[PDB]
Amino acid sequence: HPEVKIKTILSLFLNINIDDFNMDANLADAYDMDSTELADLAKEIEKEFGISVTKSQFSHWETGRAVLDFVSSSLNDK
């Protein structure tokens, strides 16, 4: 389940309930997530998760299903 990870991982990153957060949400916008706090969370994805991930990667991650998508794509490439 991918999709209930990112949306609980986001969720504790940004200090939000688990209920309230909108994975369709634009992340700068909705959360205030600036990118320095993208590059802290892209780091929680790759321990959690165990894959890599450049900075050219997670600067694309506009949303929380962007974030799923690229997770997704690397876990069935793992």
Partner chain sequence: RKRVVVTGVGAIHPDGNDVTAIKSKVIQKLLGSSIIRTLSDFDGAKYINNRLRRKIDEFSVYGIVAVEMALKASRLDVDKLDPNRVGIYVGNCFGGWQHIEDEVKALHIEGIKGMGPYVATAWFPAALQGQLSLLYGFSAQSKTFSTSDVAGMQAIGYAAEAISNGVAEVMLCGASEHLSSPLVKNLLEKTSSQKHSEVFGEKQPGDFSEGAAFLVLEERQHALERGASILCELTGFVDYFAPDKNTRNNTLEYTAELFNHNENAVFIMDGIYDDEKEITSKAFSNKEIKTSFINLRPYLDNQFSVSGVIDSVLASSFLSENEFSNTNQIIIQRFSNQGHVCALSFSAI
Second form
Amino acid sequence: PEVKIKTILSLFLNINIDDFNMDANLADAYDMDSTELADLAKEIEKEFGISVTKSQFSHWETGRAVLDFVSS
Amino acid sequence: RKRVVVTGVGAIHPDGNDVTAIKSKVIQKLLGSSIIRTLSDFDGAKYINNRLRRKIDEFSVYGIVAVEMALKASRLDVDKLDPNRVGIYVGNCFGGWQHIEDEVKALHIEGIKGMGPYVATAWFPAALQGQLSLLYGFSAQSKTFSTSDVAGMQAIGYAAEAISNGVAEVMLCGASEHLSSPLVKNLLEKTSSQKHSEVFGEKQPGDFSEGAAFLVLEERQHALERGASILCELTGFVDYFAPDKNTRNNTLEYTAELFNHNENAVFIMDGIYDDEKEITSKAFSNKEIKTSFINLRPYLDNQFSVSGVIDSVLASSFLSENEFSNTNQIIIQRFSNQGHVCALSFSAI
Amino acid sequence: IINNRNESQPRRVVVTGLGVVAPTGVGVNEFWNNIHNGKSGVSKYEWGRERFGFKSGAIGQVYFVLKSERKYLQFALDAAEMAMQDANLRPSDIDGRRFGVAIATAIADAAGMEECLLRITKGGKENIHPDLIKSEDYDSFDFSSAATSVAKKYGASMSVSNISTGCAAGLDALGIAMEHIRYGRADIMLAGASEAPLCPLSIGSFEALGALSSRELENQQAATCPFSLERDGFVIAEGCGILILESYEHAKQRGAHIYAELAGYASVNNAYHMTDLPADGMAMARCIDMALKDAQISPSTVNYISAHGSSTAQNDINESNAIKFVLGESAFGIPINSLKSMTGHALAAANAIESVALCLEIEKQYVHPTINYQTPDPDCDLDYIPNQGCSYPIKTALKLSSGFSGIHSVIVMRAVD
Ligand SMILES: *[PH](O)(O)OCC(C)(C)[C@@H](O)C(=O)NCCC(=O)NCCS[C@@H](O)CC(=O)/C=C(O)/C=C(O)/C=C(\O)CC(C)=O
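Provide the structure of the form deposited with its partner chain bound, given the form solved without its partner chain shown above.
Below, the chain from earlier opens the complete complex, with every other chain and molecule after it.
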């Protein structure tokens, strides 16, 4: 679910869960880099139990973008 | 050339989590199988950000908290300092095993998926140097040494040389180590005790310790202009090597020249090897020296790169004011297994 | 001083001996011949893909089960032997107290430290067994194995050190070595860097980070192609480079052959990121200025640049913008190159291998090409000497370095007369 993802990004980026908007751009809003994106992608592989290519997680610009991915 | 002074110091140890608490316990102990002592009541969330800490190792953490104390002690307004004129010197031998250990093991059982993106950044010894440059924004020449035992001693020495030649006005020099992780823990508990030096001989019985220690070295005129409280002046540095026992005695006689025939001096010794007292005294006797010997190593333990630096921060504290009183020069020495001979000289004003 | 005045004034530093171990060649003769022609030293490898599931297919190797080969220390002793023979010193010339060592490294014996961990834990399945930890394992955790061993062999009683600044460690070793000679501390100085990171712990750390090249290729030598659109990262390599630095005064007395002068050195922190490099290239541009000011040479004389050129997209833009910042419109006229197109990226060793190459380039008045140059990049639009090398009158040369912790390092090299 998104509640599961929203908690991860809240802890990873050190943001308040209530303040963190899902549709906010990760790079622009929260100063997120490609290294944090790779670390985040690892946690998605760990928890949900799926495979994520570099080409796949590269397009995760938004919090809702990773939610759309993990669903499928 | 230019003159270098110590304006601030800061350190953390199993004895205490600040310079005053460590110095108090050192005096108390001085007045009246190997293990790895850890920090008591330490919490790194008290200092470092949560987003940053999850990226870095404990050795980088210990270094960051050490400089914060040292900068605070020096009373530097960081916003007023030119970042182009400030550099960072670091000593570190073992790196950051705690952060990458489980991922190294996982890479064999799982595959690539076991490993994360921070293995390269966390483990290497120059990580502390970079994290400090991101936090404070310091842009001048910044080096990291990883020479066995002497890394932190070289870090201070060559930081002073950089200030002297006019590379920077201020320097954050020091060292940090983390020895608690399973790999380095079981290694030091077994192997490190029984090892012997070809040059210096057998090791004395003793424990190991982890933590960090840092100084704020700066140019003398820069300190006097801003009205800084100078602890002591860094008057000299020695960096030599002994390939064999013949050179060993001749090398120690160069450490003797660092005294400048000063009778009112205290000599802090390495305290790792048994034969140090005999060989150093024999070399010092040839050069007409009369000085007191102090061994902090049984109290402060073997901290590798930190062991040289932790003496310097304490030496700086005494000169700014049991046995250290009525002394205007504290010389410190540090050896290695392979045969390094290194020494620093701090003098009072 | 009326009678025979000689001063304690800044002395000049010169390169009298070279030693190299690299994929492109072992020794000076083999190493030069291959880079002159532009032959790649990148090997196609298999165990990375099969065993650990790496996307990497290329490595720069000099010559599946884990083995403690101890290549870090081997390449240092190999290269140090070549350099000292090339220098052709004799006991008379070598004063022990004036002879120092400075061999740098980024990861040291990581291959040794990783073999130890997995052996005692039985393939990383269980907890550590204290009994399985041998006495030999402790020596793998020594970062300065190369420095101390080389020092002991040749009787270097002056400053022995190991700088661990990652990818800029090679130049920083040459930098501190240069300072020792200039300021009357040393006459001779053995300087360089050794690296052996072709092990799963190291390749994975970079593969996980995204630093390494991962695009699918048939011609795997083209994985490392600096200043091209196709580039996606560095091809990891191993090796060692060693330079025998000594004073001009000492060199001329003994009748030593001189390759080139090591004129200046500078280093900075960009304070930007730990692995990311900024497009602006301000810090690198500033570092170039300081190295030239340290050398006391004008930027007008800069005739050739040996760039870091890792083949990561970020670094090749950083360096291109940095050279344009400091040199201006003159940057387009100046030839640039990257050895990593052939030799691969050997971390700290890359700086010392390229320094050995730079000394040979200056001596023979020839510049090696940047091979595998496919499609021009809009952002990287300087002259990179694509594919074919040529004769060129090198006057003043810059060697650029970059690394993790945002460290930039430069040296100014110069022909001797
Ligand atoms: P996002 O997707 O934009 O990704 C970031 C990036 C990685 C692509 C970007 O940061 C980038 O492209 N950076 C370029 C880096 C570069 O070109 N620099 C040159 C090579 S760096 C050199 O300093 C290597 C180095 O310093 C390596 C170490 O210290 C190595 C280690 O720590 C390796 C280990 O520890 C492995 C081990 C034994 O544990």
